[PDB]
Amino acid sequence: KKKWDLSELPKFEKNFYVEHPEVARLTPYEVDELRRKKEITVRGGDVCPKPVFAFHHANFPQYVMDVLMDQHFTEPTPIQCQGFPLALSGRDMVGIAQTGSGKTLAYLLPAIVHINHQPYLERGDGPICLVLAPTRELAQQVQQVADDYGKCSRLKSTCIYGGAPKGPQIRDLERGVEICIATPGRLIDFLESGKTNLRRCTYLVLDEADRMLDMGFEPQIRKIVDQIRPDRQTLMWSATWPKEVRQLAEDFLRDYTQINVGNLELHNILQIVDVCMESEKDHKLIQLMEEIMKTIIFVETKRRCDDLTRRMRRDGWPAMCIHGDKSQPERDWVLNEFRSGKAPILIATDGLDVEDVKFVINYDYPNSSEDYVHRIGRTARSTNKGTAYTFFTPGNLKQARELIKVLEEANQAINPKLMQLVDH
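Where the form is solved without adenosine-5'-diphosphate (ADP), what structure does this chain have on its own?
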């Protein structure tokens, strides 16, 4: 169905999470410390339940708990600690974690509970849980885990992938499976021939979405997901968080929360360069803060640092500067005024970080690309919708080449007037 009326589809539930009292009694500070010591980050802004820190906090059925304790795990992984409550609460979610973090259990055990709260499969029914994987190897791993944890509940799962004979896969699909772990191409083949359907799938998992996009599976993935009811529960997992994965998540998920495990690495702010001439900067710059509805300006000098600060304070702007020649009491005081909000405009020639960043203005482009990219990194490592402005002027060609290389590696939208400089 390309368009849906969900009131005609069978009803189903998603929220089965019963929070454990040992987790409920955690104060906000204790929850924050627990997330920090496990390197767990929640975007914004988002509505996310408290993380668990023991398997029995999840209140799993005793067969899953039996196999889990038979694995002799000392503790759940951080991605599990934060994804078990999210998934068991029926929330669509995005998980930014590397491989080996334990995401498989994190999306598979809630899938088992989700299926257990549903009626049995009738003849011809498709799978209830669909896990899309980029490679055959990952699909086989996930299927092995799913059979390890679903055999006691008598759940039937299958692995669908190309390069293998179609006979056993068709037989598994026609005899009925509640969990299907598929690669896109073979699954599309089976769907078009009617060997399986998605009318029953209420639990969608997109494993390694970044790899799936990088290998050219986006049209196939979209064709598959278009046939699944939109009121489903969707869990996307990726090792990176670039523009393509963000767009895929906004397209496939509804009211989702994004969580990160490990350090941020690479993060996405609207890096915009404008090519001007020198004496046309100030105008634009004043423009660049007459739209302020918070702001860090970078220059080359300490001389013109103080000069620009004094000139914009002459014009009436609440700007304050910081550099190496200033004392440390003055530095701490200026930073306090910046964080509290009196002086929302900081001007600097540079570890030390501030959290609330709405605009970054490299008033004069640094002489490197490394001096440029780490400013954006320090800014985007915080949670923001910031926009980094830079004032470039067409004097240097190699400089523009390096800047364009950085912008292309950042998946940014280079304005045509900067590409026009090395076009010919």
The other form holds:
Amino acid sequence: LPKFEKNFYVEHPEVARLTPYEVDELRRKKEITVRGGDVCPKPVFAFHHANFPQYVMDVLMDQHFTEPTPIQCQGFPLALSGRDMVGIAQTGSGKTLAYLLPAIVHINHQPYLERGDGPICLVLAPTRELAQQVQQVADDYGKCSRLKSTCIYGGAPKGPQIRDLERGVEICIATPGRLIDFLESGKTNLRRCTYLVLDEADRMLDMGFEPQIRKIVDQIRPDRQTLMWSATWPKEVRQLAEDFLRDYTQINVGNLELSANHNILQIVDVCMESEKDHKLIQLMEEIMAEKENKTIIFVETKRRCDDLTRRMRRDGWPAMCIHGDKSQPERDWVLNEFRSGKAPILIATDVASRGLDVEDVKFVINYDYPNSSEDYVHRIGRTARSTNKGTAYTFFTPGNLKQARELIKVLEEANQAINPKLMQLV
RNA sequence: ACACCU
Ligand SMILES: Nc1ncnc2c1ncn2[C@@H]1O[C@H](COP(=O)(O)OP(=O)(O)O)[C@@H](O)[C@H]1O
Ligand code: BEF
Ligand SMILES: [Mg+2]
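Show the form deposited with adenosine-5'-diphosphate (ADP) bound, please, the one above being the form solved without adenosine-5'-diphosphate (ADP).
Zooming out: every chain and molecule, the one shown earlier first.
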């Protein structure tokens, strides 16, 4: 087993000199909470504290990044220290670079990939488009250290993915099913995997994904570092997560309860199911009169996604849809059209609810309320990325009554006005 | 339900 160098974080003197109270005040200013009893390095507060290669710093400055986000301030040094961790922070607040840039430093301290060598960093994600997005970010920065990456996911030909794995990648981004296929058939292996990331980790630990995660992680060396990330960390996944963690540290940004990004204006319209169509058209007529009008509309099922899109297109709306019954080339094409703005309206199932970072989305519409309050927080987080603001509009019916209590709590935490009809439902 | 190999 090639030796795993784990001790390479060098704390900057500007960070090391802070006293414990000063650290607590820095965390307070950034709304960082570290779970009690965990060992945790002091947070950094500038990119030059974070041990990054000069070429990574060059790329960061070229993209006009000036200061790490809160989850980066605490997550960079925790990840760099080699500790297992859980990092929870709001949608759009920079979790991807929080785990990718320490991955690059980690990789740079390991022996070079030989032949027959699988990846050093493995990132798991719940959807194919999110895996592709993370790989694009990783390539942007991994190229600085001459690192190779690939994306392993279903619906695309196996051959090119097998080629990339056999050529050698230090960084592999994957959805679980196709990776399991390749592990079972010997197209890659996890004997060099020492940095394992579960992005959208609470989703990856849910009823459908947890057995896939378990099958994968059972094949990885137990001396690996494991890093889990999400905007939501409900109690239900916390004990289960310990099956995949060893001596770990949990960090949070924002309130400890379930919380949305506070840059989102959250509007809830309480209505009957039969009123949704008319109300949607009214809303879209106002949205499409604006200059910045890029909109995602979420629905509950693939069938409703197809039906709503056809209904909208039949009336001349420039809408396209994405869901799991489309071919992967269709899914890729639609999302690229949405990113470019050639199609300003995307209608989607929860396939598009997590992780996707489309810069100029201004509106998220919950045509159907989702199955959980966590799903609501992720969906509305497709707007208000980075420092941007955005608006979410939700249609909430009496059929959704069971979800009302938790929705009210999310609205209250974000200091949003609560529709009296929603209150009257409880 | 929604994702997630074939
Ligand atoms: N330190 C930073 N300053 C400004 N923008 C950033 C910074 N870090 C990341 N971003 C940008 O913020 C956006 C959201 O990042 P992302 O990693 O997708 O969020 P999350 O995973 O937390 O939902 C991305 O476009 C990313 O380039
Ligand atoms: F939480 Be980010 F939207 F992935
Ligand atoms: Mg993310």
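We call the rigid core the largest set of C-alpha positions that still match within 1.5 Å between the two forms. Numbering follows the first chain given and starts at 1.
- Compared between these two forms on the core, the listed residues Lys156, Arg232, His323, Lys195 keep their C-alpha shifts below 2 Å, save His323.
- Core-superposed comparison between these two forms: the C-alpha position of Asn384 differs by no less than 2 Å.
- In the core-superposed comparison between these two forms, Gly44 has its Cα shifted by less than 2 Å.
- The Cα shift for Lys302 between these two forms, taken after rigid core superposition, is 2 angstroms or larger.
- Structural comparison between these two forms after rigid-core fitting shows the C-alpha of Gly83 displaced 0.5 Å.
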